[PDB]
Structure formats: structure tokens, C-alpha cells
Amino acid sequence: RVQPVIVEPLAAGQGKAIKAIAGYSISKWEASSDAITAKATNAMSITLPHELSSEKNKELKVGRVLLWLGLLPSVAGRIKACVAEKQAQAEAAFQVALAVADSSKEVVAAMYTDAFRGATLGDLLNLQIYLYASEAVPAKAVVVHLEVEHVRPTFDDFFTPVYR
Amino acid sequence: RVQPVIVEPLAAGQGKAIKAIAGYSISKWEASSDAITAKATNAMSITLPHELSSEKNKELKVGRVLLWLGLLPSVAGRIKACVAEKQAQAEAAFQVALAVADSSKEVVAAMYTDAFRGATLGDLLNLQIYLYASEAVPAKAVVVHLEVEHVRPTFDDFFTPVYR
Amino acid sequence: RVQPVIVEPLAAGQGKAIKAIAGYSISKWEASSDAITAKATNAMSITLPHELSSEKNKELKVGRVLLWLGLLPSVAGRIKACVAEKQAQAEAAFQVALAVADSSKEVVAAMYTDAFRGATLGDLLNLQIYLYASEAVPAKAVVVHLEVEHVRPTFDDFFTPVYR
Amino acid sequence: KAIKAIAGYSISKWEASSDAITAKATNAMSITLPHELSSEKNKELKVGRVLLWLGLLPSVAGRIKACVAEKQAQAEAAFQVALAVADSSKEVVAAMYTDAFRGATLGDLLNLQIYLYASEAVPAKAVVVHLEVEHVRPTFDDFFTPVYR
Amino acid sequence: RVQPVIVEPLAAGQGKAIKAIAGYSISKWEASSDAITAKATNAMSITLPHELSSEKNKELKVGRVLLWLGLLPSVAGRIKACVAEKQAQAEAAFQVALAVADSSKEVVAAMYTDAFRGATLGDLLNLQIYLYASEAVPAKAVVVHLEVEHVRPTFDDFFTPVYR
Amino acid sequence: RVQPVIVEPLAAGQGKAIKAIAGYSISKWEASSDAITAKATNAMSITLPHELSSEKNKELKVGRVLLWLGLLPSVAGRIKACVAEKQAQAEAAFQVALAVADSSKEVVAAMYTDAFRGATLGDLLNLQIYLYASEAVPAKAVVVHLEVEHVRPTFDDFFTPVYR
Amino acid sequence: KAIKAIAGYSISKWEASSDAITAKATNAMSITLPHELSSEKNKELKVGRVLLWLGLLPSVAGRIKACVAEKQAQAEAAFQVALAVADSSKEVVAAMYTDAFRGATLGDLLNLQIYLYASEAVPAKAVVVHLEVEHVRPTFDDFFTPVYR
Numbered sequence: 026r027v028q029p030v031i032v033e034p035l036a037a038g039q040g041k042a043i044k045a046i047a048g049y050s051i052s053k054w055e056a057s058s059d060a061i062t063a064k065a066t067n068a069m070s071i072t073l074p075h076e077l078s079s080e081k082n083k084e085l086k087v088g089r090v091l092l093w094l095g096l097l098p099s100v101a102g103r104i105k106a107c108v109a110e111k112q113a114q115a116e117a118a119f120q121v122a123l124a125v126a127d128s129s130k131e132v133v134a135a136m137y138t139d140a141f142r143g144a145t146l147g148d149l150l151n152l153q154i155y156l157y158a159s160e161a162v163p164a165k166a167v168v169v170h171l172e173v174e175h176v177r178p179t180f181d182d183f184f185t186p187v188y189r
Numbered sequence: 026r027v028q029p030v031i032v033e034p035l036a037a038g039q040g041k042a043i044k045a046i047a048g049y050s051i052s053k054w055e056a057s058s059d060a061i062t063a064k065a066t067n068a069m070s071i072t073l074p075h076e077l078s079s080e081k082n083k084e085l086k087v088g089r090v091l092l093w094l095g096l097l098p099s100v101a102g103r104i105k106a107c108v109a110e111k112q113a114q115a116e117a118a119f120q121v122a123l124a125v126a127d128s129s130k131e132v133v134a135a136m137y138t139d140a141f142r143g144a145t146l147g148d149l150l151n152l153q154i155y156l157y158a159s160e161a162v163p164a165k166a167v168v169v170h171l172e173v174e175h176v177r178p179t180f181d182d183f184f185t186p187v188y189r
Numbered sequence: 026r027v028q029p030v031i032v033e034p035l036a037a038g039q040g041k042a043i044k045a046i047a048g049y050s051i052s053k054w055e056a057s058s059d060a061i062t063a064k065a066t067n068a069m070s071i072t073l074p075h076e077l078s079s080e081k082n083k084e085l086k087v088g089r090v091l092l093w094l095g096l097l098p099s100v101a102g103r104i105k106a107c108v109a110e111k112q113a114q115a116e117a118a119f120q121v122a123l124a125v126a127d128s129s130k131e132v133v134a135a136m137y138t139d140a141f142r143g144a145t146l147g148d149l150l151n152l153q154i155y156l157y158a159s160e161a162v163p164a165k166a167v168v169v170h171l172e173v174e175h176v177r178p179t180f181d182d183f184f185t186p187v188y189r
Numbered sequence: 041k042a043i044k045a046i047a048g049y050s051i052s053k054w055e056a057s058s059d060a061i062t063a064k065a066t067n068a069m070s071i072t073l074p075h076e077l078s079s080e081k082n083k084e085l086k087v088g089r090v091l092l093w094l095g096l097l098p099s100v101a102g103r104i105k106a107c108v109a110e111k112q113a114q115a116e117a118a119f120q121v122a123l124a125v126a127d128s129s130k131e132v133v134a135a136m137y138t139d140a141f142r143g144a145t146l147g148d149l150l151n152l153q154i155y156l157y158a159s160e161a162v163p164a165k166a167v168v169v170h171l172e173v174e175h176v177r178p179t180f181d182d183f184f185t186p187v188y189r
Numbered sequence: 026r027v028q029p030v031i032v033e034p035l036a037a038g039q040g041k042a043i044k045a046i047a048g049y050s051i052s053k054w055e056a057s058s059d060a061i062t063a064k065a066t067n068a069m070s071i072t073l074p075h076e077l078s079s080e081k082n083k084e085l086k087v088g089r090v091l092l093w094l095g096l097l098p099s100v101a102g103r104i105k106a107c108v109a110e111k112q113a114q115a116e117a118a119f120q121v122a123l124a125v126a127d128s129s130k131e132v133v134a135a136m137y138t139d140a141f142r143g144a145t146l147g148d149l150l151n152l153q154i155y156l157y158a159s160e161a162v163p164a165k166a167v168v169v170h171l172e173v174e175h176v177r178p179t180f181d182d183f184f185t186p187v188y189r
Numbered sequence: 026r027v028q029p030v031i032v033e034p035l036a037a038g039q040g041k042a043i044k045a046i047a048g049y050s051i052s053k054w055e056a057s058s059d060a061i062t063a064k065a066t067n068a069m070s071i072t073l074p075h076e077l078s079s080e081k082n083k084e085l086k087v088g089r090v091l092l093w094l095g096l097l098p099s100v101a102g103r104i105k106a107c108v109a110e111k112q113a114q115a116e117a118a119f120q121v122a123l124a125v126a127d128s129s130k131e132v133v134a135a136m137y138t139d140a141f142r143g144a145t146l147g148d149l150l151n152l153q154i155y156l157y158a159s160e161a162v163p164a165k166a167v168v169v170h171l172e173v174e175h176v177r178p179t180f181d182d183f184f185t186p187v188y189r
Numbered sequence: 041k042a043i044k045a046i047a048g049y050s051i052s053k054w055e056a057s058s059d060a061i062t063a064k065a066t067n068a069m070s071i072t073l074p075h076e077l078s079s080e081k082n083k084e085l086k087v088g089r090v091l092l093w094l095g096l097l098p099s100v101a102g103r104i105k106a107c108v109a110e111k112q113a114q115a116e117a118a119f120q121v122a123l124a125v126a127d128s129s130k131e132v133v134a135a136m137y138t139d140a141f142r143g144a145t146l147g148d149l150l151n152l153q154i155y156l157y158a159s160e161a162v163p164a165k166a167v168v169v170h171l172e173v174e175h176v177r178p179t180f181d182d183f184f185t186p187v188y189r
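Residue numbers (PDB author numbering), protein chains in the order written: chain B, 26 to 189; chain C, 26 to 189; chain B', 26 to 189; chain A, 41 to 189; chain C', 26 to 189; chain B'', 26 to 189; chain A', 41 to 189. A prime marks a further copy of an entry chain.
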């Protein structure tokens with residue numbers, strides 16, 4: 026018996042939008058990038074957010090690491106990005122990257138399941154974010170957003186003492 | 026009666042893991058390519074890692090195998106790749122090979138279920154992987170990540186006779 | 026209630042790969058082809074494999090006849106093939122062919138269900154394999170593989186007598 | 041009533057046309073598989089009983105004898121170690137090895153080489169060897185290669 | 026009442042395996058020594074294998090560790106070896122180290138139960154092994170086989186997201 | 026309660042003498058060696074016994090590999106031996122050897138549990154037996170006996186046919 | 041389907057390369073054991089059926105025949121008492137003794153001597169004898185010699 030089916034087209038932004046695995050809070054931050062030179066890779070250091078720079082939470086156990094590239098509309102051809110370990114060989118970073126984003130898929134995003142759980146959160150500093158562009162991109166014209174969950178810093182809920 | 030249905034799109038790396046069937050164990054490694062001229066094929070001789078150089082483990086049963094090549098982003102055009110027996114004429118292998126990775130198709134991973142089950146690694150020592158470039162490409166601009174899996178050698182869970 | 030669904034992209038060569046209907050063994054063989062001339066049909070005789078040329082098995086009842094064309098990577102534009110009855114009109118062979126292969130579908134293969142069961146196996150000799158190419162193809166640059174099941178030649182399992 | 045193929049096994053047969061032969065000297069020949077089981081998953085199959093029964097051009101004179109063995113040193117003395125000598129003089133030309141190889145892999149057959157011998161020289165292509173070998177049937181061979189090439 | 030008893034002697038390599046406690050997994054490797062002068066100690070900086078270079082697995086818990094050096098037979102006299110924290114004065118480490126391999130004693134294997142349980146491999150990156158030669162010895166005449174073990178990284182039993 | 030015990034001294038050759046694990050027949054053979062030069066290693070090829078040279082039994086699954094060196098009484102100082110993989114570096118063969126024999130232990134023997142099960146028996150050919158001697162040893166003055174079990178060649182129990 | 045080894049027994053096989061042979065005269069040869077069962081505990085084992093099937097250099101002309109017997113007097117007449125004559129002329133070269141020796145010790149085989157014969161002389165090493173003998177398996181051979189040498 027051949028069951029029929031209709032495919033509802035999706036308006037943008039509709040969707041399940043995933044969910045954090047239990048007990049892990051999410052946190053998210055920006056990474057603006059330098060202007061690139063044409064068909065040349067770059068490797069921004071993934072500087073950690075200031076409010077998580079405390080030594081108290083650099084022990085945290087990173088989980089899923091969603092990444093989603095963001096574009097100025099004016100940018101033209103293909104643009105690519107991926108997190109990777111600190112290669113002295115920039116292009117080669119794509120070669121062993123677990124997953125890679127692309128502008129051309131009309132779903133520019135990437136997700137790193139099983140890539141980092143449960144590497145310690147302060148050790149993300151060793152990582153870098155690599156970018157590639159097919160044509161000249163003016164400064165700030167591309168911004169890599171990224172989101173990562175981790176065990177909730179429940180010990181951040183207290184007030185600073187004084188005045189107690 | 027019709028069934029309504031609504032198609033989520035999923036990010037790179039989001040896909041369900043292809044679990045190894047139980048009791049087996051993975052062995053990943055990668056092979057660099059060299060030179061690769063114009064529209065002409067070349068042979069890479071798949072070489073085993075030092076942890077499999079041991080003579081016990083070379084005669085473990087092979088299970089499923091997977092091959093995905095990693096394109097360097099700057100490389101233009103489509104390059105295809107196959108796993109094959111040492112054919113005399115390198116082109117002919119694409120006429121016989123069970124599968125072929127395609128740079129152009131959205132997924133770039135040839136997998137060989139069934140085609141290799143039960144093979145000795147003493148056969149896999151005597152086997153080649155072919156590259157076909159549609160254009161001239163810079164040396165070591167392409168490296169092929171493959172993994173085979175085999176019943177785990179048992180010395181992984183023991184020390185050694187401390188007396189020696 | 027609109028049930029959601031994710032579409033796993035397939036890596037090449039993954040798949041159910043069909044199955045022979047019970048009691049029929051499969052057999053498979055090659056058919057290399059002559060160099061074509063541009064936009065001209067050709068009609069290779071489907072010479073039967075040598076190990077099935079025995080008069081004992083030319084009575085066998087052919088079933089499904091899978092066909093899958095194989096290519097040298099260098100070949101450019103569209104290429105087509107189909108089995109057909111012995112026309113003196115070569116192009117017209119496509120006109121009544123039950124099914125036809127094409128390079129452009131990114132799934133170049135063809136299958137002849139209900140096309141031959143249960144025509145007698147030796148009478149496949151009357152058939153021919155027609156080919157068409159949009160541009161010049163150098164010799165041996167295309168090879169039509171084909172697979173066909175049939176009742177198992179169970180009487181081929183014996184040894185030759187002497188020495189009994 | 042040919043001897044039954046062992047259950048769970050399946051015979052394969054092939055010729056291998058002879059290299060030209062000189063008198064007295066035992067010109068060698070190498071066994072090679074049909075292209076169909078060159079592939080390694082097939083190279084790992086397990087051998088059953090094996091036999092050869094060379095067929096000749098009717099005009100052939102004198103005698104010829106053919107024996108399997110691993111290649112070694114001088115390569116004319118292979119007969120002395122050879123398990124059985126197929127021959128023309130005997131009422132039955134054939135030679136059988138129902139022992140010899142049981143439990144061997146097909147992948148080891150590549151190392152052994154049939155040896156031919158003749159008294160006076162015989163013209164090439166006037167003699168053929170017809171190996172027939174029994175082996176466990178490959179697991180894949182019951183169905184189609186997947187359509188998604 | 027006395028108990029009679031009769032002492033079998035046992036061959037090299039005959040001894041009962043020291044099994045890793047469950048769920049953990051071994052990682053063996055070896056470190057060459059260089060030069061090693063007269064009756065003076067030297068430091069070897071224990072370096073990790075490429076399969077542990079990955080940032081997930083470096084923060085796995087360490088369990089028990091084992092060190093047995095392999096004397097080249099031609100070497101004369103006794104050489105001792107230890108595992109120790111980067112002491113300023115190399116000799117002083119033999120004054121603090123929990124154990125020491127002895128060339129002269131019949132067994133040549135120092136093992137550290139308890140002394141290392143719970144260590145991060147990010148600590149073991151920053152740790153040294155000392156050699157003490159009683160005589161002048163030729164370069165690379167001594168290599169130290171050690172293995173540490175750690176809860177198995179889980180990527181050993183999965184492929185990779187084939188889509189990428 | 027401190028239980029007393031007497032230690033019976035053993036006359037030579039008394040003892041349990043081990044036992045083959047079930048279903049595996051033992052086989053044993055000689056390996057005579059060339060005259061050595063003083064404090065120089067040698068590496069005899071481990072030529073397999075003639076009666077096991079048949080292709081039928083080179084598939085066999087080696088188990089335990091007992092080795093026991095045998096001496097002419099006149100030989101003086103320390104003598105050593107070990108099986109090993111085919112190094113181009115002779116002395117280094119001791120460095121990774123799983124176990125090693127020595128004349129000085131007054132129990133000169135060695136045993137390779139977990140060293141080869143279940144490496145295929147014909148592939149022992151790749152191995153070599155390394156020897157070392159502290160002083161000049163005249164030819165044939167040392168002979169390495171070795172014993173190894175394997176699945177019984179039950180198909181060797183038949184007679185040769187003719188006369189059937 | 042080779043004839044089954046009797047249960048509780050185990051075959052042993054060996055060649056014994058021939059001494060040089062002269063025409064008409066029957067040059068003798070002595071049977072000798074493989075070095076492996078020279079040892080006396082093995083010399084006391086009990087024989088089963090025994091057979092020989094000499095293999096020849098293919099170039100050998102004429103005929104040759106080989107027969108077992110106890111050594112005696114003139115030593116050329118050994119054939120007349122010999123139980124069966126292995127020969128080249130016969131369709132099967134082999135000779136069998138499924139009776140002959142059952143219940144004999146291996147230690148008595150040392151006394152008997154295979155006799156070779158030829159018409160015209162044959163060059164040495166051009167003929168080999170392949171004794172195959174069945175005997176009860178030694179009790180020790182299932183395990184390691186004790187480590188404490």
C-alpha cells in the first residue's frame with residue numbers, strides 16, 4: 026500500500042531549533058573577524074568571553090559546539106569556516122576538521138557533536154577558527170557566531186560578598 | 026487519507042552516527058596525495074600505521090570500510106577517488122570499482138559495505154586507491170581519510186609480562 | 026498532526042542493494058564496447074560468458090536483468106545505453122526499449138523488471154546492447170556491466186568424471 | 041554419478057592455455073585466477089578438493105605429464121615431491137587431490153605453479169590444462185551490486 | 026602439622042598478566058635516550074603519540090602507570106631510571122621518586138600504583154623521566170617502554186558524520 | 026596463626042612441564058645457528074620444518090611459542106636469544122622483544138604467551154631469531170630449540186591417494 | 041576420499057633419496073627414521089598399515105621396481121618373497137601393505153631394507169622413495185618439554 030504524503034515548504038526560521046541535553050546550560054558569544062585577502066585563509070584566535078574568563082569556570086566540561094556563520098549581504102561568492110586545532114598549516118585545518126560550514130548550502134551552519142565532549146572548557150583556547158573566502162571581503166563583513174553548552178556554573182549564582 | 030509532513034534541514038556534522046557493529050573496533054588514518062597532474066589518474070598505495078605493523082593484528086578480520094577524502098578549499102573543479110585492486114591501467118578501475126567519491130556531489134564519501142567483509146589485512150597491504158583530477162592541482166592539496174575496522178586485538182587491555 | 030522528519034544524506038554506495046528473488050542464483054558479466062563516433066549509435070552483440078556457454082544451461086529461465094553502465098572519468102557529456110531486440114534501425118531501439126540509462130541522473134543504472142522473465146537464457150543472444158554518445162569517446166572508455174539472475178545451475182556443482 | 045560437491049561448497053572451473061614446450065626441458069607455467077575472483081574478498085576463500093585433467097590435441101605424439109607444486113630451486117624436479125602425476129599413458133589422464141589442499145585459502149594457490157613435461161617437443165596451444173577447484177561460495181554472490189554505483 | 030611445598034621455577038614471559046581494572050584502556054609507547062655521558066643523570070621529556078594529540082582525550086583520567094626500560098645487551102653495568110616532576114637538580118629526583126627501575130635486580134620494571142591515579146594527561150605532558158648511567162654508554166642504546174592507561178575515548182567505536 | 030612450611034629442593038627435570046591448551050596439537054623443531062663473532066648479534070632466519078611446508082597448513086593459527094636455547098657445555102659467559110620481527114637494526118631487536126632468554130638464570134628458557142595467538146603460521150617466516158654472545162662461540166655450539174602448538178592438522182591424517 | 045587413518049593412529053611421512061643405481065644390478069638402500077623418532081620411547085611404537093609410492097624424475101626411461109623385505113643372503117632375490125611390487129609399468133606406481141606389518145614395532149623396521157631395481161641404469165637422485173607409515177601417536181607429543189631443562 027503506497028501511502029501518499031505532502032511536503033510543507035518551510036518559512037525561514039521555523040523549526041525545532043534543537044535542545045540542550047539535560048543539566049547543561051547553554052552559553053553563546055560572538056567572534057568578529059579581520060578583513061580577509063582574496064582566496065587566502067585566516068585563523069582568528071577564539072578569545073573566550075570576558076564573563077566566563079574566571080578561573081572558576083575554566084574547568085567546565087564542554088559539550089556540543091554549534092557554530093553559525095553570519096554574513097553582510099554584500100558578500101558574494103563562497104565563504105567557509107571551521108573550528109580546528111592550532112595548525113601552522115592554515116589551509117590544512119580544513120583537511121582534518123570534523124565539520125565545515127558553507128555559504129552555498131542555503132543552510133550555512135555547522136555542528137560539532139562528539140567533537141569536544143568532554144574536553145575542558147578553558148582548553149578551547151588552544152583552538153582557532155579558520156576562514157576562507159573566494160573574493161575580497163571588507164572588514165567586519167563576516168561574523169562567526171558560536172554557541173556551546175556546558176555544565177551550569179551553579180556557583181556563579183551567588184552574590185559577591187561585601188556587603189555580604 | 027493523506028499524511029502531512031514537514032522537512033527539517035540539518036547542519037553539517039549533525040547526522041546520525043554509523044555505529045560499528047558490536048565487538049569490532051575502528052582504525053582511522055589518512056594518506057596524502059602527491060603532484061597529481063592534469064586530467065590523469067594516479068595511484069596512492071595505502072600504507073598501514075605503526076600500531077598495526079604488529080604481526081598479530083595483521084590477520085584480524087576486516088569489516089566495513091569507509092573512505093572520505095578531504096578537499097582543500099582552494100582546489101577547483103571535481104576530483105573523484107576509488108578503492109581498487111592493483112589494476113594495470115589506472116583508469117580501468119573506475120570501470121570496475123563498486124563506488125566512487127565525488128567532489129561535486131553534496132556528500133563526498135564512498136563506503137564499501139559487503140565488498141570487504143572477511144578480508145585479511147595482508148590483502149589490504151596489497152591494494153591501491155586511485156585519484157582522478159579534473160584540473161591541475163598543487164601537491165599534497167588532497168589527503169584521503171579512511172578507516173577500516175577489525176575485531177579488537179586483545180593486547181589493548183593487558184600490560185606485559187613485567188618479568189622479562 | 027504534522028509529523029516532522031529528517032532526511033539523512035547518503036554517502037555513495039550505502040544502500041539496500043536489492044536482493045535476488047528466492048531460488049535464483051545471480052550471475053554477472055562484462056561487456057566492453059568499441060569506440061563510438063560522435064552522436065552515432067552503436068549496437069554491441071551481447072556475447073554470453075564463456076562459463077555459461079554450455080548447452081546444459083541455455084535452457085535457463087532469465088529473471089530480472091539489472092544493467093549498469095561504467096565510465097572512464099574523462100568522458101564528458103551525456104551517454105546512454107539500453108538492451109533491445111535486434112533492430113536494423115539502430116536509433117529506433119531506444120523507441121521501444123523498456124528502460125534506459127543516462128549519465129546525467131547522477132544514478133546511472135537501469136533495471137528490467139518484467140522484461141524477460143521467463144525468457145530462455147540462450148535466447149538473450151538475439152538481443153543487442155545499444156549505446157549513444159554526445160561526443161567522441163576513445164576506445165574502451167565505456168563498459169557496460171550487467172547482472173542477471175537465473176535458476177541455479179545446480180547440475181554444474183558436480184565434478185567432471187575421470188578420474189570419477 | 042559424478043562425486044558430489046561437498047554441501048555448502050561450489051565448484052569453479054577454468055582452462056589455462058599452455059606456454060610453448062621444448063623437448064626434455066620442463067617449461068613452466070603460472071596459475072592465474074579468472075578475473076572474476078581476483079578481488080581480495082574472494083582471494084580469502086577456503087579451498088576444497090582440487091583436480092586437473094589436461095586435454096590434448098589428438099595429433100600429439102609420445103607422452104606428457106603435469107604436476108602441481110610450489111615453485112622451487114631448479115624447477116624440473118617438482119615431480120618428485122608432487123602428490124600425483126597426471127599423465128597420458130595411464131588409462132585415465134586425470135589427477136586428483138582430495139587431500140593436498142583442504143583448508144587452504146585460494147590466495148595461496150597463487151604461489152604454486154603447474155609443471156608440464158613432454159618427451160619430444162610439442163607445438164604450442166596443442167595442450168590445455170583444465171583446473172577444476174571446489175571452494176566455499178562467496179557470500180555476496182546471491183544478489184545484485186547496489187544500484188547507487 | 027607442617028605443610029610440604031615444592032617450588033617450580035618459571036620462564037621469562039610466563040608471568041600472570043596484570044590486567045587493567047575494568048573500563049580503562051592501555052596506551053603503550055617508548056622513548057629513546059640520547060648520548061648519556063659518564064656517571065651523570067639525564068632528562069627525557071616524555072612525549073605523547075599522535076593518537077593522543079587530540080584535545081578530547083588529553084583530559085581523560087589516568088590510572089596506573091608502568092615503566093620498564095629495555096637495556097641493549099651490549100651495555101655494561103647498571104643503569105637506573107625514574108619518573109619524576111621537573112626537579113631542578115636531576116639527581117635529587119632519586120631522593121624523592123616513589124620507585125626506580127634497576128638494571129641489576131632481576132626484574133627491571135618500576136610501576137606506580139596509587140601515585141598517579143586521577144591525573145590529567147595535561148599534567149603528564151609536564152613531567153620527566155630520568156636516567157642514571159653507571160658507565161659511558163652509546164647513543165640510543167636505551168629506550169624506555171612505558172604505558173599509561175585511561176578510560177577509553179569513545180570515538181573508537183564510531184565512524185564520523187559522513188556528511189561534512 | 027603462622028603456618029610452617031618446608032621447601033623441597035627440586036632435582037633437575039622434575040616438574041609440571043606445562044600442558045597444551047585443548048584442541049591444539051604441539052609441534053617442535055630445531056634451529057642450529059652459525060658461529061658468532063664476539064659481542065656481535067646474529068639473526069638466523071627461522072626456516073620452517075619441511076614436513077609443515079605444505080601450503081595446506083600455512084593457514085594454521087599459532088598459539089604459545091615456547092623457546093629453549095641449548096648449549097654445548099664449553100661455552101663460557103652470557104648468551105642470549107629472542108624471536109623478533111625483521112629489524113634492519115639487529116641489536117634493537119632485543120629492545121622490543123616480548124621476552125628474552127639468558128644463560129645466567131640457571132633456567133635458560135623463554136615463553137611467548139599472548140605474543141602470537143593467533144597469527145597465521147606461515148607468517149612466522151617474517152620472524153627471525155636473534156642471538157648474542159659475550160665471547161667467541163665455535164660453530165654449532167649453540168642450538169635454539171623451539172616448540173609451538175597449533176590447531177591440529179587433522180587433514181594430514183589421510184593417506185596419499187594412489188593406490189587409494 | 042583417501043582411506044581413513046585408523047582412529048587412535050597418526051600418519052608419518054618421509055622421503056629417502058636414492059643411492060646411485062647401476063643397470064641390472066639391484067643397488068640396495070637402508071631405511072632410516074627421521075631424526076625426530078630416533079629416540080627409543082618412539083622406537084617402541086606399534087606399526088599400522090604401511091605403503092610406498094616412489095616418485096621419479098620425468099625423464100627416466102624404461103622401468104624400475106621397489107620392494108620391501110628383510111635383508112638376506114644374495115640380496116637380489118628379495119622380490120620373490122616381497123609381498124607386493126611397486127612398479128612404474130603398472131597404471132598405479134604405488135605398493136600397499138595393509139597387512140604385512142600390523143602389530144609390528146617401529147623398532148623392527150630398522151632391520152628391513154627397501155630394494156630398488158632398474159633395467160638400464162638411471163642417474164642418481166633421479167628417483168625418490170616416499171615412505172608413508174601409520175602408527176600409534178606418541179603419548180608425550182601433546183605438550184611442551186618441561187621448562188626446567
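Source of the hints: derived by calculation from the structure; they are not laboratory data. Don't take every hint at face value.
Here are the simulated SDA-like cross-link-like pairs (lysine to any residue), alpha carbons at most 20 Å apart as the crow flies [stated by the list, open to error]:
1) B'/165 - C/115
2) B/64 - C/163
3) A/130 - B'/165
4) A'/81 - A'/110
5) A'/53 - B''/179
6) C/111 - A/148
7) B''/111 - C/147
8) C'/81 - B/153
9) C/64 - B'/165
10) C'/81 - B/63
11) C'/130 - C'/99
12) C'/165 - C'/55
13) B''/81 - A/127
Heads up, incomplete: computed chain A residues facing chain C, CB under 7 Å, no partners named [said to hold, decoys possible]:
14) 80
15) 81
16) 82
17) 84
18) 180
The beta carbon of each residue, even a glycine, is placed where N, CA and C say it ideally should be.
Discussion item. Tell me the numbers of any earlier hints that the structure contravenes, in ascending order.
Written reply: 3, 4, 10, 13 and 16
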